[PDB]
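Protein chains: 2
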Amino acid sequence: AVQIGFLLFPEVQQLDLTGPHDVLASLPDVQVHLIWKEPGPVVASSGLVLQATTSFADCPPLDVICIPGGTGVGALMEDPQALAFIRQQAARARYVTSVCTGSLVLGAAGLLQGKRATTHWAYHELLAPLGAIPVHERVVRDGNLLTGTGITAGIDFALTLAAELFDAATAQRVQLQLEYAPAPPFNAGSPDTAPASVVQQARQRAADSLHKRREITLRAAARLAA
Amino acid sequence: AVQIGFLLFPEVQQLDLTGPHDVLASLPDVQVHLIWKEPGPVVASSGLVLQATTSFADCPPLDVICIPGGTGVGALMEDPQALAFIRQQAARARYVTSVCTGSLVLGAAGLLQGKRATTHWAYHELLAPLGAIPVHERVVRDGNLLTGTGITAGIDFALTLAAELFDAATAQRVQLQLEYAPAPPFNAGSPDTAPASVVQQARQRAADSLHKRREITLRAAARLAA
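Note that the protein sequences, when read in sequence, are chains A and A'. A prime marks a further copy of an entry chain. With the entry's author numbering, letter number 132 in the first sequence gets 133, and the count goes up by one each step, no holes. With the entry's author numbering, letter number 217 in the second sequence gets 218, and the count goes up by one each step, no holes.
Please keep in mind that the hints were generated in silico from the structure rather than gathered at the bench. Be careful, since some hints might not be right.
Claimed, not checked - The calculated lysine to any residue pairs, modelled on SDA-like cross-linking and capped at a C-alpha distance of 25 Å, are:
#1 A':38 to A:192
#2 A:213 to A':26
#3 A':213 to A:27
#4 A:38 to A:4
#5 A:213 to A:46
#6 A':213 to A:28
#7 A':213 to A:178
#8 A':38 to A':76
#9 A:213 to A:41
#10 A':38 to A':95
#11 A:38 to A':50
#12 A:213 to A:192
#13 A:38 to A':41
#14 A':38 to A:41
Here chain A stands alone, though its shape is the one from the complex:
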């Protein structure tokens, strides 16, 4: 069975995780894990309560690891237990993936050094201090690393993973079974297509978080420099 694991942490953006989870759990001969320090409840940033299924110590060797984003990323960037777990699993995983600000966690773990990567548009400046080559594209691949942007990036890249782990016909069948054919009613999903007034509002609302994450990123980079 292919072993797929998601890191589940307090203040995760749950859709970053629950999207790819439901797609990948639809495949044959896959086992999906929700990993935290111990099994039990974990609260997402919206208040939705999820349940981790395994601890770091009990998790099997993973074929795919996926790091979601969210408010909670700042704490995770300075959690030595979580960063060590991610490094251990990434050493042998066939695919190391992240959604949105989850790539900042990969960065803090040292896994973006010299690698092309993306992250959420409002935090993109934090990639270079973590050693990455920043790329402004929605899905960026570099070897076995896949980083994606957007709350639903993992739905789209889960179909790519399905095609490579199995075959294209299997990926197409899952897409059809889920009737997955998005059609957003607005075109404001990128700072390059949204109205300037909307970009300003979004930037202002993210400013305090960006300021705090600049501080965290510099400490994380100092640890990588040692």
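Take the given structure of chain A and dock chain A' to it, following the hints.
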């Protein structure tokens, strides 16, 4: 505060729910409820464990009700307590919505009689016996009823709801904050675009479920005829 409720039932397709939940929970002055017979754990069809937050009896009057789909829809179509709750809330709700096979639950509750509606492609034949006018479109509106197809239909229609409950600029801001701009790597999300061989496989895999749901639908229709 706008009151938004999702029905959370055993064997739900969790993404049908978790997608619109995370979008709508991002809005100001909204309270989101996960409703079942009592608060506590509810297991989705993938094994993901979610937590209902309120009972039928304690739920406030809702401005928006959303019925997700999933394997578990068959039981819900013959659950008199759930159907009565849906009818009660729909009487005063500003919006009555469903994702995928959730519209079959609205049908069993009597809320599609004489109304244009859609559902998952493999189950579309079950709409007419429930009194609906079947429509092969991804989002179908009829008055205050919105029915959508695809596991992520609620993400897209949640942006429409945001624009009508608030304004277009608010919907655009949420879209940008979430960096929501999907780009599926395959084009097999409809039986009209998928390869014929893939459509056959998907139809064969759904056949036992369709057969059981034909039987349930006829019993549900008999209750509406009384």
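Consistency of the hints with the structure:
1. A':38 to A:192: 43 Å, violated
2. A:213 to A':26: OK: residue 213 (chain A) and residue 26 (chain A') at ~23 Å, within 25 Å.
3. A':213 to A:27: Between residue 213 (chain A') and residue 27 (chain A) the Cα gap is close to 21 Å, so the pair holds against 25 Å.
4. A:38 to A:4: 18 Å, holds
5. A:213 to A:46: At roughly 17 Å apart (the allowed maximum being 25 Å), residue 46 (chain A) and residue 213 (chain A) satisfy the hint.
6. A':213 to A:28: 23 Å, holds
7. A':213 to A:178: Holds. Residue 213 (chain A') to residue 178 (chain A) sits at ~18 Å (cutoff 25 Å).
8. A':38 to A':76: With Cα atoms ~14 Å apart, residue 38 (chain A') and residue 76 (chain A') stay inside 25 Å; holds.
9. A:213 to A:41: 29 Å, violated
10. A':38 to A':95: 23 Å, holds
11. A:38 to A':50: Since the Cα atoms of residue 38 (chain A) and residue 50 (chain A') sit roughly 18 Å apart, the hinted pair holds (cutoff 25 Å).
12. A:213 to A:192: 22 Å, holds
13. A:38 to A':41: 23 Å, holds
14. A':38 to A:41: Roughly 23 Å separates the two Cα atoms, so the pair holds.
This entry does not satisfy hints 1, 9, going by the numbered hints stated previously.
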